[PDB]
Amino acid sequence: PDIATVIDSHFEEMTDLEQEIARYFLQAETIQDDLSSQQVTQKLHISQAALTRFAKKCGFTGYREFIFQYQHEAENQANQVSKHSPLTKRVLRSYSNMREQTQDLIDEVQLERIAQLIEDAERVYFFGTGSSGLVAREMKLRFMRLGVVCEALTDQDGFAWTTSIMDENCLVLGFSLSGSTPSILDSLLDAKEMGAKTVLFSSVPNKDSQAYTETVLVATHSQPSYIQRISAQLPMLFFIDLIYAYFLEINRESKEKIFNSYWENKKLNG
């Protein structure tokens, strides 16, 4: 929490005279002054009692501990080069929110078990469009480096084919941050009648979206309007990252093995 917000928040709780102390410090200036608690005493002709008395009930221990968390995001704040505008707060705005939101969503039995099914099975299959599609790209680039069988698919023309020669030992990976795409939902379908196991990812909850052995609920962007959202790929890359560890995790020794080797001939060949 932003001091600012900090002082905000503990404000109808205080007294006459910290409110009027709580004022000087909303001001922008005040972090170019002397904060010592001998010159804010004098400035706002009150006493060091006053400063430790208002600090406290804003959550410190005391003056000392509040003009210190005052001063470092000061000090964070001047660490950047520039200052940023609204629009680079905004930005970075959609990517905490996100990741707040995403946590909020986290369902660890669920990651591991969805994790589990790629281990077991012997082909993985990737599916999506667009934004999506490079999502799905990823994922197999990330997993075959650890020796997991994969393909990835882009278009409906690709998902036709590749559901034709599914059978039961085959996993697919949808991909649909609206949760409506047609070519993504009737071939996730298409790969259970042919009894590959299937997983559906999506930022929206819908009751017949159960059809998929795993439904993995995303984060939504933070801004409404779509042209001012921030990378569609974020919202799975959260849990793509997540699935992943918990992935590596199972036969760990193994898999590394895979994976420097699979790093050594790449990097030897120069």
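In this text, rigid core is short for the largest set of C-alphas that superpose within 1.5 Å between two forms. Positions refer to the first chain, counted from 1. First, how it differs from the form deposited in another entry.
The rigid-core alignment places the CA of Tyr226 less than 2 Å apart between the two forms. Relative to the superposed core, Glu138 shifts its CA atom by less than 2 Å between the two forms.
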Contents of the next structure:
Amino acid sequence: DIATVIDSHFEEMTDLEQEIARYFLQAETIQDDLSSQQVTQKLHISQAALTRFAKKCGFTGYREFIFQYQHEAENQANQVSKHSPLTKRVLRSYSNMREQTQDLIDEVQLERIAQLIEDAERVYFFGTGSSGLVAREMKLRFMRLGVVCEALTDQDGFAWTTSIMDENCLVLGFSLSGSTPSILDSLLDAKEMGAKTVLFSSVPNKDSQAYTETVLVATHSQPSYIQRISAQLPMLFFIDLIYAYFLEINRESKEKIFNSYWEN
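Having seen the form deposited in one PDB entry, the form deposited in another entry:
Keep in mind that what follows is only the chain, not its partners or any molecules around it.
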């Protein structure tokens, strides 16, 4: 804007004043003390040359010119981005995952699952690797609301625990790939025991209907394995959604339980 007006009058300007236009056409200029004193000392010109340049540009003088020079830069810059390409690949990978999950939500299903946890006597969260930390996280959150739950992160524990579940148990299995055999095959063992089974996967079903519920979670935005964000995060979206539905079932009794940590 102010750069275009400069170019339109650039010719009418003397070589020295043309130099002053050149300096202010630089982006680096703003990162500098732009008082008339410093500009004159810096470019080794007189005040009069500065005033003549500013009026060449249609302003009454340097003060009006520089007053806009600041505002302009503040009216932009806040419009531009101040984030590195890496900080932005990270921020967009999260935003992309929040967008995609919002498309994936089956809200009736999540309230169905919140009620299943409520009606279960014992609940178990199966996962390995990063999805085993997700399973750990669920146990702490739902324990504070009074759920009897346990987190298991290895194959011995899976088989060991499946053998002692019954129709009053609920097992939530987390397999981002939708392939992790340890988890998938152990959810099938629990069904044979009569327990209800919910599978979380970022990968569509392939006869996944064998489980009580299959929750489709978001795939990652980054195609390369190394460049992705936490493998936990797709699962955390829906844990926090399920948590929010579950908390509202008998919320009054659950807050008593949640608070009795503090109560001596």
